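**Q** For reference, the chains in residue letters:
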Amino acid sequence: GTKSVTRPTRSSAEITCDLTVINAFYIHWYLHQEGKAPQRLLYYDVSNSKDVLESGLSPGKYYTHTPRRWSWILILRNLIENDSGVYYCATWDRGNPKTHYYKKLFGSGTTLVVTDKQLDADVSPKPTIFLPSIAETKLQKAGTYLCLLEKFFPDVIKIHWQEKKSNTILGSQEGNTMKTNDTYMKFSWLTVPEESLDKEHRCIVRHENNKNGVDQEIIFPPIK
Amino acid sequence: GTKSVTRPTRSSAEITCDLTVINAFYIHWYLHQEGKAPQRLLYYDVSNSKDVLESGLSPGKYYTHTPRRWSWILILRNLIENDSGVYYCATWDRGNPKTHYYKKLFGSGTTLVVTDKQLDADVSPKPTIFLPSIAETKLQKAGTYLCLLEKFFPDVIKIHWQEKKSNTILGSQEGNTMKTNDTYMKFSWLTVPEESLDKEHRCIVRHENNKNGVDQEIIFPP
Amino acid sequence: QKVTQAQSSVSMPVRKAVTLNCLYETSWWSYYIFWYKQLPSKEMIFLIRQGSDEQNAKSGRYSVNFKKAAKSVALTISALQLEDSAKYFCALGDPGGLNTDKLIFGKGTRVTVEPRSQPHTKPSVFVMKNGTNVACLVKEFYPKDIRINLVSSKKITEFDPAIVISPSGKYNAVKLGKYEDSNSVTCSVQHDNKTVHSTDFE
Amino acid sequence: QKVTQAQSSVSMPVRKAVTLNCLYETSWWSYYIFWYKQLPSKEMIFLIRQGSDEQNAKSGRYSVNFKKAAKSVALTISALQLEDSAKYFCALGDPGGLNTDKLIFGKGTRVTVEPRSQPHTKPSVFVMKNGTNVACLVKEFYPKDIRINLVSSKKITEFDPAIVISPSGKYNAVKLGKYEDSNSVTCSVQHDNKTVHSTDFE
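Protein chains in written order, with the deposited numbering: chain B, 25 to 248; chain G, 25 to 246; chain A, 22 to 223; chain D, 22 to 223.
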């Protein structure tokens, strides 16, 4: 599950990469910016513990830190606005499909946003519940309800629909993130069949700036 | 309140700073080895974010990390047996006692031990309780009673006595750490006046390999 | 070296086949060809490998032909699927034989899969509200060229609803907004040269 | 530069004064001298500063005698206490006038403070036990020299005394050990040319 790291200027950030490699020998780092291409940036050898920069990169900008066995991290220093993008993590493994040819397996990515404003404190998403119209259930015996989120930063977000009983996420419909006065807003909706009108159903969001670091919980009362 | 960090060879370690300074320009680090002198290893420039090593010290060995504002850590690479000692933090400030003369202030110190054996798993201080003899109480109208801890590695440890009602530390007496076949052991004792013979008392130990990393609390019946 | 991907957006109907172009200028003797895949959650998946002296690659629905003269590689998917909409990449292994190498990537050719022909269907219009903001839901319609106007006195903000594809086969839409006179607001929907209101459903 | 501390341990009793020696060699025109102090829990505490052109330092119970010609500095502690037992260091500020200089450290002279002279007193011998291992607690006694012993048919392990100063002013002691038959184990103590048993305190 992709994440998001947000930091100001003249500061440092930590990017963690989550592969599960046993007989690891090398760990290559990358970067994929918008409109550009994914390009390698350095790499690191497990046995000798040394950083091998690329041509043109100033020393003292990228560090790899191992905090326990088979655990790796990349640390960035002196952040400028050109640092932002998506960062990966690779090793040559043969491999996840267990084949004979060395193919570079990739991580999952992390978005880094370098800001300068730090204006408003609470930039956590603010829910709003739209109660379905009972007239809709009269014709086709189906209810549709809309979940609206507003005032969040950055634009990385997640939406799920639960039923409070099982760990199965219901298939639903999704909008599009739209920018409203330097902050984003989004919504999604789900349809309930007639057979589950009396059952309660749930919707959770996953955002970097959630309160207490835990997923926000939205509880929808059953339709009467 | 010195801590301790225990790691094997061919691995890395972190030493956490302890000072709280907000107008800080440079951050220096020191090392104190056994029988030798304390010597500075490097220092750090806050604004430009640069390390300045010392002569004979290979690059790619000490990295200073800052995870948030006014928070610093030292990371050490490729540990060898000659790395063990006590590490400090220091800055030039004028100062703690509201002085006028620039004088360096030191942190708290952290002991690092580098091992090779990794023999045992249960290496936390195990308790054993000593109840006072019936003779002692009757003649002298006082009680003195003992706590014994043993089989812990490393040898850094603390001990306090509490009375379960007040947040005041009692004044007990302390032995010495004695090596017992690649482990360590230690005991302490406290005297109790008769007026508190009915009361309850505690003994708490701060050791690195405590279970879940929390202080042990030992309850002795009245 | 250099890798080129000229296309920037493609769209093909369901159950057809596509083809993407990759031209590479190299100066080595042995190399390997890799095609990749990225989902909109920023996740990179290995797709297929060609090889230098190997025959034409074929792994399931993925078929690759190789031209060693002009150094051109073409990627073709046999059967399309709605979840196949993802950027595809061309990666050059130099030399592709050690564990200390690197890769060079193209720029990416995004594909989009659109639903096939379906009969015309009448939109059903509903309205729900909360507080000040109101939104009128629009059920299935086909064409996708539906313009919705909300009749009211004081306007605050408008938004573009949706072009979302439902899994039955017909698109859906949800238009948001807020109005000062939130007591009763309806929206007018016109599709296939006919206009359907919202109040006629009750 | 170089800093020398010749001594390695001293011993003074209470309410007395001690003096420690430090010799240095340097080639600067101005410098500063610092005296530090380390507790057994590893804490460094600033004590006093000398200075190149400053007169003799005098700050509470710490005073410094400065020898400019011979490059010698000595620290005097006036009235000792029981909490003054710690290592002391001599540090050279090189040159110690900016925000980027360092310090050169000596090796440290440990001091120890012993209790004042008091008339003799008789130990009281008690024994406590648990399971197998049994200790014998020896209550307040004077002077320190003592030879306590646990007499039993069998023994397994045995440890040294833990003679420790008590807040009263007279030492206490604890000796441990584990015995196969701990039911009948008693402590015999020979102090001040006379013997005290534990069975005469029942």
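FYI, nobody ran anything at the bench for these hints, they're computed from the structure. For every residue, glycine included, the Cβ atom is placed at its ideal position computed from N, Cα and C. Be careful, since some hints might not be right.
Stated by the list, open to error - Derived coverage of chain G by chain B (criterion: at least 3 residues anywhere in the stretch with Cβ under 8 Å from a Cβ of chain B; other residues may be distant):
id: 1; segment: 73-85
id: 2; segment: 98-109
id: 3; segment: 139-149
What the hints assert, rightly or not - Cβ pair distances, simulated, as ranges:
id: 4; chain 1: G; residue 1: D222; chain 2: D; residue 2: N151; range: 14 to 24 Å
id: 5; chain 1: D; residue 1: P34; chain 2: G; residue 2: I228; range: 28 to 38 Å
id: 6; chain 1: G; residue 1: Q57; chain 2: D; residue 2: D181; range: 24 to 34 Å
To be verified - Here are some chain D residues pointing at chain G (derived, C-beta under 7 Å):
id: 7; residue: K58
id: 8; residue: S62
id: 9; residue: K63
id: 10; residue: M65
id: 11; residue: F67
id: 12; residue: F87
id: 13; residue: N120
id: 14; residue: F126
id: 15; residue: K128
id: 16; residue: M149
id: 17; residue: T153
id: 18; residue: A183
**Q** List, from low to high, the hint numbers that the structure doesn't satisfy.
**A** 3, 7, 12, 17
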